[PDB]
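Here's the structure, in structure tokens; my notes come after.
What follows is an incomplete set of chains from the complex, kept in their original frame.
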Amino acid sequence: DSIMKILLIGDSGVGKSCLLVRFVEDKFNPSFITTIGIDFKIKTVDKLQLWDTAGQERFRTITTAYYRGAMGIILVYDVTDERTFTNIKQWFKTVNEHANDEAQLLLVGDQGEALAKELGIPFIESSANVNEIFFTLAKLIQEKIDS
Amino acid sequence: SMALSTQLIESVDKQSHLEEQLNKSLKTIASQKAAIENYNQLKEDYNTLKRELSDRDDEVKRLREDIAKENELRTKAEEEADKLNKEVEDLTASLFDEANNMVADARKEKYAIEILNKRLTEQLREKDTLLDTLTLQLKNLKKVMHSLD
């Protein structure tokens, strides 16, 4: 048992969406987030269902269905684009009514730090390290079954 | 005959008496006229009103009915909408698992080959050096020969 089903949202193309390509070593794992707006990978650490989403794509009524169950959540944006950032604001808004505000959320793209502390949530950068970025969340995700 | 004569005389006294009373009572109705005219009107209205209400009520009964169905339906809709929103979380997992693997598998079957090629490619290079060496080893003596003897 012990499977931490996470849910990334706002992934930005094969540049950042590869976030799972980054989190997962498997080079034989196809990546549909490119064409199809979403993807479904799974890795093991110490299980982790990871529904990666870019938000803007037909299966919105489904990505939503992901919310009604996510244990962790990362809101992401691309740096080389002030457009993505703009969405971020909206993103958290979505995560609210639909998903659960009780489950560990997280934002990750010295400026963004601003809107970073404006939501009471951790924060990092488009580093590319990353392997430890899920270590964090997850670590806190476990620092949740303490009650 | 004095017989009837009296009668007539009497049937003319009583007659006259009536004209008197009637003249009064009929004079009283003339007083109540308007006062009653404006009671009937009310009465007419009151009645008409009594009907529209007798109708609005039938209608209210009718809507309670209709709003009761609609609810016993919005509820079922909202139901399937959810019962079938649960099954989703799963479906898509499989959809994605089989797919992913499916691909992965193929991609490995290429990788395997990919390797063997690199192998032979060099497992070749090797042999090819020995050969471009022996060929020189000979070349060099076949010169020492055509010199000495």
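Every chain is named by a letter (A and B) in the order it is written, and numbering of its residues begins at 1.
The criterion applied here is as follows: a contact is a pair of C-beta atoms (placed from the backbone, for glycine too) under 8 Å apart; a residue touches a chain by one contact, two chains touch by 3 or more.
Q: Since each distinct chain appears just once in the view, could you give the copy count per chain for the complete assembly?
A: Per chain kind, the total copies in the file amount to A x1, B x2.
Just so it is clear, only the chains that are shown with their structure count from here on.
Q: Roughly how far is chain A from chain B, centre to centre by C-alpha average, rounded to an integer in Å?
A: That gives a centre separation of 33 Å.
Q: For the complex, which residues does chain A have touching chain B?
A: Per the stated touch rule, the residues are 26, 28-30, 32, 39-41, 49, 62, 65-66, 68-69.
Q: Touching chain A in the complex: which residues of chain B?
A: Touching chain A: residues 85, 88-89, 92-93, 96-97, 99-100, 103-104, 107-108, 111 of chain B.
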